[PDB]
Amino acid sequence: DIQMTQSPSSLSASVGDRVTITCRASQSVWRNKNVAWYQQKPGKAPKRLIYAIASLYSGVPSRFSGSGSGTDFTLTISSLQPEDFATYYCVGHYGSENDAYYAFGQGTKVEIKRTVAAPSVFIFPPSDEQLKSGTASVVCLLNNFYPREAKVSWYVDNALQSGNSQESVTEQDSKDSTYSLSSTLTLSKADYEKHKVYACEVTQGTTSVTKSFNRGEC
Amino acid sequence: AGXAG
Amino acid sequence: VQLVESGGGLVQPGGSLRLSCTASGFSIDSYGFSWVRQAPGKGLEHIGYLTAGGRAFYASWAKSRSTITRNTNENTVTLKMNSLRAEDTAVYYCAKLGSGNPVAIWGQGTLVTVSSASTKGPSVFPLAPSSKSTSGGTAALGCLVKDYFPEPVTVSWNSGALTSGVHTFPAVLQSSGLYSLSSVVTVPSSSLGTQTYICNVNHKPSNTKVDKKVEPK
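Just so you know, the sequences run in chain order L, D and H.
Numbering-wise, the first sequence is residues 1 to 27, 27A to 27B, 28 to 95, 95A to 95D, 96 to 212 according to the entry's author numbering.
Just so you know, we're using the entry's author numbering here: the second sequence kicks off at 3 and counts up by one.
Numbering-wise, the third sequence is residues 2 to 82, 82A to 82C, 83 to 100, 100A, 101 to 214 according to the entry's author numbering.
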């Protein structure tokens, strides 16, 4: 039935910037009053910031504020902080004395632009415990870097690997606004013990960093 | 009214 | 004032979910309550509203399969949804949304996974730090949490006493259809001989908890 469209769908802004997110309803909301704004941080439940278009919940910092009339609404973050990294949703109430409906906008992801930071790169051999099971996971960790885009390649005895690895990336850290990334190379025990040099190569811009180990040297 | 319906 | 949820977990396709929230500290007919869901990685979706007057209204997408009720004697509100498909996998919430009133109350949400696959506990392996660091006085260590189903697993370190520098990565679906994740932490290398580091892995869907001490070498 009802729709709500937020704009933009995502944005990047600097700490201290003023941020504005527009919400836009397909009908007039109940009493032209019932619009709230919610904030959802990674792996957390949504948290209400604003209700009744402009009332600020007592648990929320005063840099959040809302405005708007009828069918168009606005959330303003007056001085963006690292911990404001989140997806923001407007929610609207609708209906008559005989109808009751709620609709959510599609969400606006707010990302924090910060200065470039090179990752610390760590490489982990498979544990002896796992090798007994017949499988070998080699993990490469890229810790606390910015920006997010990075190319991570595996090399086993200087042969480039394809199709035997998976990546996972965190969301922006709520304190330093960096990312971390893991890449996991999965081989059988038989494959793992047939080679010596395991290397993970990380490329960002004009720099590549390679971390390696020689199987069984400690 | 606080809510609709 | 709380709104603890119950009734989630692994459900087979074609089956039904039944979810209930028990109001702790007030009467359920005091306020109107919504049911909301969020598929992994997606936005919030309103299922339906039970007005404090007792009339239930549903979004058009959900009217066919959904029934919301309340039991004043039970102090509970209930979502019933049938003919479940994979697209119904989501975290489900009961909440008074507070679009216009100062009161807003949310359950903690429970994941409902619609799948015919069986539950499987994780294997936990150490990601051990090297005895001598090669990263300027910082050591990385962690635990690899492999081959479990369904989600979620939670990881803490030293029973929650260690939070700074922890990264628990989002799980990845493996080609086996089982999940895997890692949780890592960076600590001062000088602490490796002194400080004990234990990852606490909880997989509530299989009623399995694993506590692993991660030692150098």
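Just to be clear, a hint being listed does not mean it is correct.
With a straight-line cut-off of 16 Å between C-alpha atoms, the simulated EDC-like cross-links for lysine to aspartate or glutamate are [as the list claims (entries may be wrong)]:
no., chain 1, residue 1, chain 2, residue 2
1, H, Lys209, L, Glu123
2, L, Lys103, L, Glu165
3, H, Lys214, L, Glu165
4, L, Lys107, L, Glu123
5, H, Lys43, L, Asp122
6, L, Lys188, L, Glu165
7, H, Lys209, L, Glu165
8, H, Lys210, L, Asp167
9, H, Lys129, L, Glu211
10, L, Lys45, L, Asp70
11, L, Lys107, L, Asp151
12, L, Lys39, L, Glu123
13, L, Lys107, L, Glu165
14, H, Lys210, L, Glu143
15, H, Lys214, L, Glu211
16, L, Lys169, L, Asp95B
17, L, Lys42, L, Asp151
18, H, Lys81, H, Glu148
19, H, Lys214, L, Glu195
20, L, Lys107, L, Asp17
21, H, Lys64, L, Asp95B
22, H, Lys64, L, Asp1
Residues from chain L that keep clear of chain H, each with C-beta distances beyond 12 Å, as calculated [claimed, not checked]:
no., residue
23, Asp17
24, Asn32
25, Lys107
26, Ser114
27, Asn138
28, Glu143
29, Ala153
30, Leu175
Residues on chain L that point at chain D, a partial pick, calculated with CB under 8 Å [said to hold, decoys possible]:
no., residue
31, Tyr55
32, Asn95A
33, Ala95C
34, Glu105
It is worth saying that the hints were derived from the structure and are not from the lab.
The beta-carbon is built from N, C-alpha and C at its ideal position, and this holds for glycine as well.
Checked hints:
For the proposed pair H/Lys209 and L/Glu123, the alpha carbon gap of about 12 Å is at most 16 Å, so the pair holds. Of the pairs offered as hints, the one joining L/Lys103 and L/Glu165 holds, with about 11 Å between alpha carbons and a cut-off of 16 Å not exceeded. With a C-alpha separation of about 30 Å, the suggested pair H/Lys214 and L/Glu165 falls outside the 16 Å cut-off, and the hint is violated. Of the pairs offered as hints, the one joining L/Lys107 and L/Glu123 is violated, with about 41 Å between alpha carbons and a cut-off of 16 Å exceeded.
For the suggested pair H/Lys43 and L/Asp122, the alpha carbons sit about 39 Å apart, so the restraint of at most 16 Å is broken. Note on L/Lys188 and L/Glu165: the hinted pairing is violated, with a Cα-Cα distance of about 36 Å set against a maximum of 16 Å. Simply put, H/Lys209 and L/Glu165 have alpha-carbon atoms about 26 Å apart, too far for the 16 Å limit, and the pair is violated. This hinted pair does not check out: H/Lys210 and L/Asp167 have alpha carbons roughly 26 Å apart, beyond 16 Å.
Only pairs whose Cα atoms come within 16 Å are accepted, and H/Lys129 paired with L/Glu211 is accepted, the gap being roughly 13 Å. For the hint linking L/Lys45 to L/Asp70, the alpha-carbon distance of about 21 Å lies beyond 16 Å, and the restraint is violated. The straight-line distance between the Cα atoms of L/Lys107 and L/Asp151 is roughly 38 Å, outside the 16 Å bound, and the hint therefore fails. At roughly 36 Å between alpha-carbon atoms, L/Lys39 and L/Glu123 are farther apart than 16 Å, so this suggested pair is violated.
The suggested pairing of L/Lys107 with L/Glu165 holds, with an alpha-carbon distance near 13 Å, which does not exceed 16 Å. Using a Cα cut-off of 16 Å, the hinted pair H/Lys210 and L/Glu143 is violated, with the two alpha carbons roughly 33 Å apart. Of the pairs offered as hints, the one joining H/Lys214 and L/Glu211 holds, with about 11 Å between alpha carbons and a cut-off of 16 Å not exceeded. Taken as a hint, the L/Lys169 and L/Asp95B pair is broken in the structure, with Cα atoms around 44 Å apart against an allowance of 16 Å.
Taking the CA atoms of L/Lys42 and L/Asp151, the gap is about 42 Å. The hint is violated against a cut of 16 Å. Distance check on the hinted pair: H/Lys81 and H/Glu148 sit about 22 Å apart at the alpha-carbon level, beyond 16 Å; violated. Of the pairs offered as hints, the one joining H/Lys214 and L/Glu195 is violated, with about 23 Å between alpha carbons and a cut-off of 16 Å exceeded. Of the pairs offered as hints, the one joining L/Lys107 and L/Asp17 holds, with about 10 Å between alpha carbons and a cut-off of 16 Å not exceeded.
For the proposed pair H/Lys64 and L/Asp95B, the alpha carbon gap of about 14 Å is at most 16 Å, so the pair holds. For the hint pairing H/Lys64 with L/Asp1, the CA-to-CA distance comes to about 12 Å; that is within 16 Å, so the pair holds. The beta carbon of L/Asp17 is kept farther than 12 Å from every beta carbon of chain H, the shortest such distance being approximately 24 Å. Consistency note on L/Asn32: stated as away from chain H, yet its beta-carbon is not over 12 Å from all of that chain's, at 4 Å minimum.
Residue placement check: L/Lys107 keeps its beta carbon more than 12 Å from all beta carbons of chain H (closest about 21 Å). Distance check on L/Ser114: its Cβ comes as close as 6 Å (rounded) to a Cβ of chain H, failing to clear the 12 Å threshold; non-interface status is violated. With a closest Cβ-Cβ approach of about 8 Å to chain H, L/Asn138 is found to fall inside the 12 Å limit, against its non-interface label. For L/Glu143, the condition that its CB be more than 12 Å from all CB atoms of chain H holds, with the nearest at approximately 18 Å.
At roughly 21 Å from the closest C-beta of chain H, the C-beta of L/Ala153 stays outside 12 Å, upholding its exclusion from the interface. Chain H draws L/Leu175 into its interface by the beta-carbon criterion, the shortest separation being 8 Å against a cut-off of 12 Å. The beta carbon of L/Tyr55 is not positioned within 8 Å of any beta carbon in chain D (closest approach about 17 Å), and the interface hint is therefore violated. Using the Cβ-Cβ criterion of 8 Å, the hint placing L/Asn95A at the interface with chain D is satisfied: the shortest such distance is roughly 6 Å.
For the restraint placing L/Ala95C at the interface with chain D, the shortest Cβ-Cβ distance is roughly 3 Å, inside the 8 Å limit, so the hint holds. Evaluation of the L/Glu105 hint against chain D yields a violated restraint, the C-beta minimum of about 35 Å exceeding 8 Å.
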